[PDB]
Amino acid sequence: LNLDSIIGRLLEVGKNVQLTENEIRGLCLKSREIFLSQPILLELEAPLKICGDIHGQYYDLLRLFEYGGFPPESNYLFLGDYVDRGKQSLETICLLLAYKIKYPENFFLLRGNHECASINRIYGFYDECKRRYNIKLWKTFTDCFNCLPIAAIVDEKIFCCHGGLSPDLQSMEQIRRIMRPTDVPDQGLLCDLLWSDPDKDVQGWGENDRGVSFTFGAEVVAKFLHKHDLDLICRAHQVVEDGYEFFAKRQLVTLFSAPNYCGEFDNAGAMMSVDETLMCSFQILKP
């Protein structure tokens, strides 16, 4: 009944929700256990709703649940980037962790490049934690982030991750052998899964403007799907005007779930529903 009270307070509502340090610490400790007990490559089954980046936009997260259904009315896969930039990362991550604890088999969260301590320091989560609580709580979130799964396959056909593909990715077993907990390295497989972007104008692998990881073209996607017998790559990590955006003739979709991203864009947010026959549709949240 501790958990339902945390949930009730989170849903009660820029107006903050300040839970207690012990509650938040319990959310990190318990969710971290569940993450580590579940595989690092999730095997999920439709029907499911899939969401892109939130970046602390807590009112938009509650909006996504209004559109999609509060759990356990729908099953969820989130693709990362819960924290940083927005004004309410603490409420966002804590509702996500509360749902994962209460619904461990029907609510799933992947690791984004922002679920990384070094990126947090720079992009606001460290500061939000230090201000509202203390640096040690931030360390507790960090240790929890280091245990998140990295990718998911829905019904053997949809490959999901925050960023994209890697040139070092030859078999799915490489992903399964990634040890947790771990920080995200500056280069290599785990990095690439969290950081890579598709690019229309590149062929093969390219230099990525971010100064981290790579870009990959349409041909890389077609080869990856064919090789691994998949129909779709579902990823996030880039703001797209319509909330979702296809690439490589519908073989890759980018999802982004934070409308009016960071005050600075006029984008819709989208959420992708996958039904039991693997049909994909989109609910759109305009800014």
Contents of the next structure:
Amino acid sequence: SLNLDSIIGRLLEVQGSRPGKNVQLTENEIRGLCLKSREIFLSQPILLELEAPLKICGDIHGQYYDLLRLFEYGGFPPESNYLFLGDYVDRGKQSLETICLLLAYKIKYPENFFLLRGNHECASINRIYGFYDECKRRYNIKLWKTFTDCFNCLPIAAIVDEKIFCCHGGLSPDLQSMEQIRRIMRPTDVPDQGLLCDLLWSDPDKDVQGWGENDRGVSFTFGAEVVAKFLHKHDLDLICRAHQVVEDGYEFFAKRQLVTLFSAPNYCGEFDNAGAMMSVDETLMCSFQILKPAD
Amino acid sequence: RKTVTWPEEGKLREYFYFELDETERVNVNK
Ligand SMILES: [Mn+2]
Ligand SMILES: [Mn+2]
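Form deposited without its partner chain done, so how does the form solved in complex with its partner chain look?
After this comes the whole thing, all chains and molecules, with the earlier chain placed first.
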């Protein structure tokens, strides 16, 4: 009894409005989105096996109109296949509209639209950084807990045509086999240490060789050599991750063996960064589409 | 079997520019 197209229509309706309008769905509609997307998440692998062509996006953090711009320029589903790398909520003004549109497209196009878990798709984090406050203000506490149950079933990583490894954070010193990811059962929370934690929290670092301590106080940093060894062992060409704001929306690491994507331009009004999307064609030739305010 | 490649540097980036609203983006924690 989920009127998906009505929901999507109302979400897209506010395109090009100024001042930026909210989209206030009903409580039951949002719960319907959570319940149906949760089922699909669980029915699909926790380690996604995807095929190009597709477009890959980094953090959104509730910057809803920027998400609309991404679709406007990259092509609204199902014109293009999409993989998002997480951190949909918190900090921005419109986490609800953001995650609702994403869940809606997941339900609408379950084989052409994919969402990974970021470290903010976690109750202990998004209780603090804005999403819970937004849920409490615009709906109720119970709805936030419904989101949490949904978030606990998000897939953790994706491999594109057996060559591009995708996750929110990065590598883990505990990651020896891809089966270790496949063995993770859902629903699950994000632990404060271990494989699942690292995949959502770790960062590359140009000044560390192997594994180092992360300034975040969580997980690790990893160096160029770690990336090289990982790619060789698993016969991969590229690591695609997000989790860090970069000035041009994308940023290479270790001679293009790793790329960081960040899709929220002028991040929470504090940075002058561009947002980027990585376009991967059928042959895995990768390029970038860059979202930037005019000056 | 596919392999990751990159285009010529001139075709690596495609830019999309939009009008900046200075009130559109806020950190709700501040
Ligand atoms: Mn983030
Ligand atoms: Mn993150």
